[PDB]
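This document opens with one chain alone, in structure tokens, the form deposited in one PDB entry.
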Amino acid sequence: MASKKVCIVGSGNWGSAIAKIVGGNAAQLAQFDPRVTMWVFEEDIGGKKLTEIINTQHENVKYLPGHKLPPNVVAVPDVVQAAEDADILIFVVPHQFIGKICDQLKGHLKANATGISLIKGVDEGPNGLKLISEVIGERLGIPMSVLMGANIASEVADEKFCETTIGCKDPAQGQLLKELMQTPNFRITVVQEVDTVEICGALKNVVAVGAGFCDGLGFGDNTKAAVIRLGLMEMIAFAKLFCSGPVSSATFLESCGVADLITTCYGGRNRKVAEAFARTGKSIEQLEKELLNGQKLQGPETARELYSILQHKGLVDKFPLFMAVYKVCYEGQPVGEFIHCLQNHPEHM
């Protein structure tokens, strides 16, 4: 008869927007315990501890400016303590933290704890492509779902209408996650093809990096719309080859696909840094420190992992858009040469 307890593992820009949504729904819905924990990697802010400011001011202005968090969301600095009693864990931490967090939580979760990942990126390893949700699911021994959609955090925090896609193999779990996260302005469509929904989130960032390049070279909407289109073609082709199980084009018409591509190529961080990289000579790394609190962008890292994955099978040449993004970010290909990967692009794949 107990309500489900929810832990939000992460507290950045997206984790915070999510805390806002989850906090308000947990308090509004009986099936969820009003107390929502949020694991916050402790920080020093003017001599005050971040978690103390959050639980006192009820805001995380450093990562989510201009918004309060509902009072029932409690910032907890120790991940084990944050996640321990949770029945539902929402993974929304930067890719570089996942390994240690799981490998901190392993064996300390509730018996039938459930998981959902919001991280956009991929992992690799012998065999090739490895989904981040499967890595978390396996180390922690829990069932996993994903949430991926056109969700620039600052707009979600403002309650501007938008949608998202939840990938989940279990219908009841899927319905529970929808009840947990949906609001009148954050609409959710649940689909069962988890792997494709997840790969969409990872890949859309590579295409967004290339759209930022063209932005930095001075191009407009006709060009960006073409980057998105060819980028969508390579994304569907890549998923059919590397995703295990059934993969359908149709899934790319969900928010996780065509829409996240559009919103990310127009207003995401990967695009912004790609543009500045095109106009300034600064490296991706330095721009991240300069524009994104030193946060690791996943667009480039994913292109790097795709390069490796395509290299093992000898397919690098079949993904000119993905590979030009890779070469510009890692191998000094001049950004000014970007258009050539669109100019001779295969017509269909």
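Numbering follows the first chain given and starts at 1. Under this definition, the rigid core comprises the largest set of C-alpha atoms superposing within 1.5 Å between the forms. What changes on going to the form deposited in another entry:
- Structural comment: of the residues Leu315, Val61, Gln286, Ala259, the hinge joining the rigid parts that turn between the two forms is found at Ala259.
- Interdomain rotation between the two forms (smaller rigid part relative to larger, C-alpha based, rounded to whole degrees) is 16°.
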Contents of the next structure:
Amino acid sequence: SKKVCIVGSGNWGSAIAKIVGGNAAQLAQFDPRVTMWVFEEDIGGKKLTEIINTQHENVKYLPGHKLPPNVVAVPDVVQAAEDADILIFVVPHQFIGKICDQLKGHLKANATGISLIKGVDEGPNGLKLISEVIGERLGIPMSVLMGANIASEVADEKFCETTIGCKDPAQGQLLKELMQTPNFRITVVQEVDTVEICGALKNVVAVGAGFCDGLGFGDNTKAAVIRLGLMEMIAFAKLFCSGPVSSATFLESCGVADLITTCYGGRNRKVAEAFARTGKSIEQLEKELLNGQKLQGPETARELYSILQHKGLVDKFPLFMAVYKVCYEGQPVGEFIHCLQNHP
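Switch from the form deposited in one PDB entry to the form deposited in another entry and give that structure.
Below you will find a single chain and nothing else.
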């Protein structure tokens, strides 16, 4: 039976722990002992790992939810992963570099991985998919899980779906059995890069959606911004992804559904509304409303402008490039509409 290690214990990692723990305790093909690597913290005199292993509640990152008793918190990441056939990577992108340094050399020979990390790394073609970063560093085949999946709602067992991107078909099916429940439904698609690139690009669209909200517009306008954005994400994937790219993938939960949710609510939408209404800078708004964190939407747009410059294709992505110019070239946020309005 296959052993599972959840690498990460935050909001989403704990929500995922509820699903994986519950399936591993019921399904014969998985070992019921699911390890979860927990970055140790002092929670009013008690180690967070001890809290998880005695109270079965991540009181800091998923308070109010019982974790399945078979999920074991492990404060050392090598000890968490050394024995696992399946590694679920679910940490903030900032920390995956360090985690992978500690793990290289210490994994089982046929270990496989699935990344839940939404975002994008750096490399030769400008961007590099995070799952390729992990896989190359650690030498393991990689899958991805991406969808319209807010962690608090998943923890509450409110119905939702998600996309598993996995090249190997038996692996995709194995991962579906691990993570699917009556209220967390899974589609397995044999693409990885197309599933994964939506998670980065959607935040660029969501900044533009926020500008439109900040300008007084409503649902019809947001719907056009999502529609044109989706078209630019499809075209961009076809330019950027190594392999074949079909439009249909973008209608999976990783594409259109996660795009809809992010454009109706989220950090990128909220800050971009504030930017359009208060004229304050993104850096200022990050400090005043995100406690100094980098908003990924504007940063990805700037990265897209560099790629398109390398390819000679800036003029074919007006919505992406309008987000870029409003965030970083001082274009007035009213001209963002002028671009929706003189589009093709």
